[PDB]
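**Student:** Given next are the chains, with one letter for each unit.
Protein chains: 2
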Amino acid sequence: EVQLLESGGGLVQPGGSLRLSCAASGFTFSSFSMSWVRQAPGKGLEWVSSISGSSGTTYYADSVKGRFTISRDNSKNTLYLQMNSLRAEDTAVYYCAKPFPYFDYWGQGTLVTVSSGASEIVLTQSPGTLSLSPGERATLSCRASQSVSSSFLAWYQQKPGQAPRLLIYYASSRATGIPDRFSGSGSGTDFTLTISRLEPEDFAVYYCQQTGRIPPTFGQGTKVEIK
Amino acid sequence: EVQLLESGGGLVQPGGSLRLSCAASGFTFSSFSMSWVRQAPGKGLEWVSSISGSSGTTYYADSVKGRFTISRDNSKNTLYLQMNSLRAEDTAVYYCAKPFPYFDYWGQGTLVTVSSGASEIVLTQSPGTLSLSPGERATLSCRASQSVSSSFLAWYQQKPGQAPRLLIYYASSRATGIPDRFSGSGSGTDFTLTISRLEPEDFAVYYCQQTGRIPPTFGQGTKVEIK
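So the protein sequences, as listed, match chains A and A'. A prime marks a further copy of an entry chain. Numbered by the deposited numbering, the letters in the first sequence go through residues 1 to 117, 128 to 237 in order. Numbered by the deposited numbering, the letters in the second sequence go through residues 1 to 117, 128 to 237 in order.
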């Protein structure tokens with residue numbers, strides 16, 4: 001049975017040092033790249049560092065380069081991560097994992113807390139490209155990193171070679187000249203622009219925008235292109 | 001008829017200065033906040049600066065604060081943007097727009113080019139939260155900022171209070187013990203994780219990951235929660 005067990009986590013001051021260890025068993029340790037992947041509290045996953053089976057190659061994420069050093073002892077089937085110049089940003093549960101760049105096996109993780117003793131809303135849109143035929147239904151998504159009422163989520167269109175134009179101020183309230191086949195829905199974090207039946211002119215790029223706080227940020231855009 | 005016409009764009013060296021102008025007509029200029037919004041070549045939209053009808057308030061994006069100064073001449077119905085310490089990052093088509101924080105009317109824009117004479131893949135997932143009942147079909151999306159073959163897009167699951175576990179190495183090739191109701195599709199920029207019929211244990215957070223280049227980045231996660 002494959003087992004990865006982490007050790008050495010705990011509380012450390014900013015600028016301090018900490019060395020993590022991972023004991024591997026149940027497989028030929030030297031035949032696998034080994035990795036460290038971390039998860040900040042309430043956040044997602046970030047690969048940290050990897051090392052090939054023979055230590056011939058090491059890889060690091062840019063944010064830890066020059067401060068972290070990965071190593072392994074094949075005679076004792078143990079993986080190490082020496083962490084120096086620790087910053088509050090490094091606070092996370094650190095998982096030992098196998099192999100690289102995907103991760104087939106995960107340990108349970110060890111918590112590293114770098115302690116002494128808001129923000130702007132990001133909009134992301136999906137999909138990047140919608141490939142549809144005229145007359146088909148188009149469903150475009152917009153995601154807000156923080157809660158936004160439907161009263162503060164707008165939609166824009168930009169035809170190729172033209173300027174952006176407003177489609178929807180908020181909710182499904184359309185600007186002048188915008189036909190009713192465009193409707194907006196959603197409130198909170200996830201929003202939808204529906205084009206019930208695509209017309210030739212509807213093949214364009216679409217942007218969502220939150221207008222509840224300054225700066226009023228735009229999503230990165232969804233291109234609706236003809237099949 | 002509302003008209004907004006920009007002027008003053010052109011080529012300028014890094015560190016140089018440029019003043020844009022916008023002539024407004026067809027409406028009572030002094031009754032509207034006026035705005036500048038820019039679009040870098042091949043990029044999305046970024047609000048730059050706004051000014052209330054009486055110039056009592058001005059707003060700026062963090063990236064231009066201290067370098068740009070917005071102003072208006074209500075007697076001549078003209079909006080201005082003085083741009084100092086110009087950086088290559090400021091290269092964009094600059095649009096005059098009305099009002100704030102949404103934009104009802106747009107000019108055609110003027111091009112500002114700050115010239116002397128790659129990158130990491132970002133994954134974004136949608137929606138943020140999927141609220142479904144057991145037995146229903148779940149469709150999760152993942153978007154890559156650059157092209158990725160299906161052979162290098164993996165999917166992970168993280169149940170609450172547990173470590174992440176791999177679901178799919180690439181395409182729809184599942185890890186050991188992962189049932190066939192999880193399938194992966196897509197190749198290029200837009201990917202899908204389908205859970206054909208939700209089981210109670212499937213209510214969790216799901217992450218996509220691209221494994222084609224270093225760093226192997228993760229999406230920000232999609233939470234599938236019970237209705």
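Among the hints, a few may not be true.
[Claimed, not checked] The calculated DSBU-like cross-link candidates involving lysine-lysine, where the alpha carbons are at most 30 Å apart (straight line), are:
hint, chain 1, residue 1, chain 2, residue 2
1, A', 65, A', 76
2, A', 169, A', 43
3, A, 43, A, 233
4, A', 43, A, 237
5, A, 169, A', 169
6, A', 237, A, 169
7, A, 169, A', 233
8, A, 233, A', 43
9, A', 76, A, 233
10, A', 169, A, 233
11, A', 76, A, 43
Just so you know, these hints were derived from the structure itself, not from any lab.
**Student:** If a hint holds in the structure, say so; if it doesn't, say that too.
**Tutor:** Evaluated hints:
no., hint, verdict
1, A':65 with A':76, "26 Å, holds"
2, A':169 with A':43, "36 Å, violated"
3, A:43 with A:233, "29 Å, holds"
4, A':43 with A:237, "23 Å, holds"
5, A:169 with A':169, "42 Å, violated"
6, A':237 with A:169, "38 Å, violated"
7, A:169 with A':233, "33 Å, violated"
8, A:233 with A':43, "12 Å, holds"
9, A':76 with A:233, "39 Å, violated"
10, A':169 with A:233, "33 Å, violated"
11, A':76 with A:43, "51 Å, violated"
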